[PDB]
Amino acid sequence: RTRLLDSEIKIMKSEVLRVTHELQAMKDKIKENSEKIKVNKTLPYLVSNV
Amino acid sequence: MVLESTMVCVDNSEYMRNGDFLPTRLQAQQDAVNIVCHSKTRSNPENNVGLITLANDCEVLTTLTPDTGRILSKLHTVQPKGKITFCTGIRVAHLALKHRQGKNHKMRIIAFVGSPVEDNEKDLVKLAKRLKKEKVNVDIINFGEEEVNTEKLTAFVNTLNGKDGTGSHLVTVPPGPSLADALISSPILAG
Amino acid sequence: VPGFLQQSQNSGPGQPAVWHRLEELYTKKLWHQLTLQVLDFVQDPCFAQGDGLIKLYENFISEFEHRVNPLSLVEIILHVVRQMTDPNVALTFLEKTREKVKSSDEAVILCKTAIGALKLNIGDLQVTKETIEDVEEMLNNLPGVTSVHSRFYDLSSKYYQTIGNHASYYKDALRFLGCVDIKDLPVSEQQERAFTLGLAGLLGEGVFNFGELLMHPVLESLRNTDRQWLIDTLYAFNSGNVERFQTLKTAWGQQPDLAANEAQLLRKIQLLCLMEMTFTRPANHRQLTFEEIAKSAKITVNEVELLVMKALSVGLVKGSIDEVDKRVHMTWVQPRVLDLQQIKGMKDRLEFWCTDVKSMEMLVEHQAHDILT
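So the sequences go chain by chain: F, b and a.
So the mapping is simple: the entry's author numbering equals the position in the first sequence, first residue as 1, plus 43.
Going by the entry's author numbering, the residue at position 71 of the second sequence is 71; the numbering climbs one at a time, nothing skipped.
So the mapping is simple: the entry's author numbering equals the position in the third sequence, first residue as 1, plus 3.
Mixed in with the good hints there might be a few duds.
Said to hold, decoys possible - Calculated pairs, SDA-like style, for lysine to any residue (alpha carbon to alpha carbon, straight line, at most 25 Å): (1) a:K31 / b:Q79; (2) a:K161 / a:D184; (3) a:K105 / b:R17; (4) a:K313 / a:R284; (5) a:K31 / b:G176.
It should be emphasised that the hints constitute simulated quantities derived from the structure, not laboratory data.
All chains, full assembly: derive it from the sequences and hints.
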């Protein structure tokens with residue numbers, strides 16, 4: 044049952060990897076959402092033709 | 001709570017890879033880092049913990065910072081390989097703690113030695129009376145194998161303190177099969 | 004299981020002092036002193052009779068150790084195949100320890116050097132290009148091991164044996180001469196390696212200045228113990244293209260493999276004149292006679308033309324072929340090794356230039372000093 048406990052602690056290591064996913068997802072996402080706040084809230088938009 | 005700064009001094013030498021100490025020696029010192037980072041979470045979070053090695057380099061990858069979740073991420077792929085130099089380890093950790101943020105924090109440092117170091121007792125007594133003139137207690141926990149009953153680090157424990165500042169506690173290594181938490185159970189009992 | 008060393012506990016005199024300790028080494032589950040003991044079994048002086056027995060035990064060490072580096076596995080499987088005298092079973096073990104081993108201390112290059120070191124029996128023309136070139140394809144991270152580089156010389160020198168690019172032997176010497184630094188093998192075989200190194204560097208003629216680096220210790224300590232004239236005839240291909248004693252004593256002592264390159268060695272002495280005439284002589288003479296090239300070249304008048312055109316085909320000189328008088332004009336040449344006396348004469352004419360241009364410069368400025376204001 045040693046490999047089962049090894050995989051049990053590896054489940055916690057994969058939960059730490061999920062926490063790394065949560066960090067590099069939420070932090071980077073909200074920073075890029077803040078840049079889209081800076082760029083996209085500029086509600087007067089000149090429209091035009093391509 | 002209490003204000004200090006404990007610098008975990010891991011060993012990344014090529015002797016910490018077998019399984020005489022429990023299912024990985026990497027996992028043994030890794031659980032040691034787990035219990036000391038949880039112990040400094042249970043201590044004052046105003047305090048700070050940073051990583052350093054004694055072998056193959058003096059590797060600073062994290063700052064001596066009050067966060068340790070990134071240190072828990074830094075547990076991975078440590079790859080212990082090189083050659084020990086703990087005698088620069090004491091001084092590199094001490095200048096790392098002279099690069100702190102506050103002076104009201106004390107200096108009780110741990111160290112993990114797991115290899116035969118070419119450390120003169122004159123070297124470590126220079127370091128030890130240096131710490132007598134630098135106010136640091138050091139609680140070293142012997143890992144790996146250099147001697148079944150370490151003496152140079154016992155001499156450093158002897159030459160660090162006297163009559164008032166006996167904060168040098170040396171868990172000598174049990175080089176046969178001894179557990180993962182039975183080694184660190186005595187410093188969590190008394191550092 | 005200790006019952007295997009209970010029956011294989013005898014390998015030498017005073018032998019079970021390491022075996023009763025060895026059944027403390029792995030039974031107390033330490034494995035780095037067992038890496039030391041695998042080094043000791045590589046070290047173990049015998050007819051190598053315990054290694055073909057301990058091979059399955061070492062496989063077991065790899066199975067329930069699952070960390071250690073298979074460099075000692077390569078150096079002990081060469082001992083196992085030294086016992087068993089056939090690599091085809093070790094080919095199966097080699098493909099095995101290539102398919103199951105992805106070890107972190109550079110397992111792929113030790114696999115490719117296992118292919119190289121047991122390529123000695125499988126033939127060296129079907130597989131040399133592919134996997135020996137694949138070694139340095141896989142050495143694209145950090146070529147600083149020097150053990151894989153010495154074994155890489157060994158397989159690239161077997162590639163030199165199975166003849167491809169004689170001229171690549173100078174670079175292969177830059178990999179052996181480059182690989183070794185301290186002598187780490189007996190001088191009593193090194194000096195014959197320097198012997199055949201000079202011979203095979205002579206057999207490959209691409210760089211044609213083979214006395215380029217001969218302040219190199221682990222060849223010069225053989226140069227002053229080998230025959231003393233072979234080095235001087237490499238110096239007769241390095242410095243001066245005369246003394247038929249030397250450049251024919253390379254046929255006197257070395258009888259074979261010289262007539263197969265004789266005209267090309269005449270070409271080498273006919274470029275040794277090309278370095279001479281502008282290196283040693285006063286500055287250039289600006290126009291150099293057919294007697295000069297033909298005299299250092301020990302050749303007729305009607306070949307220095309072919310010589311200077313052949314030097315243009317080589318591309319070491321950009322010269323103008325002045326032969327309206329058979330007296331040749333000079334341009335830039337690829338230089339040869341600056342000697343100690345040539346360091347001193349270079350200091351002479353160079354400080355001549357330096358302090359003369361500086362002094363007459365200060366004189367020009369001394370005349371130009373009056374109008375600054």
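Okay, the hints, checked on the actual structure:
1. a:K31 / b:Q79: It holds: about 23 Å lies between the C-alpha atoms, which stays within 25 Å.
2. a:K161 / a:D184: With Cα atoms ~21 Å apart, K161 of chain a and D184 of chain a stay inside 25 Å; holds.
3. a:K105 / b:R17: 16 Å, holds
4. a:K313 / a:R284: 22 Å, holds
5. a:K31 / b:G176: Since the Cα atoms of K31 of chain a and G176 of chain b sit roughly 6 Å apart, the hinted pair holds (cutoff 25 Å).
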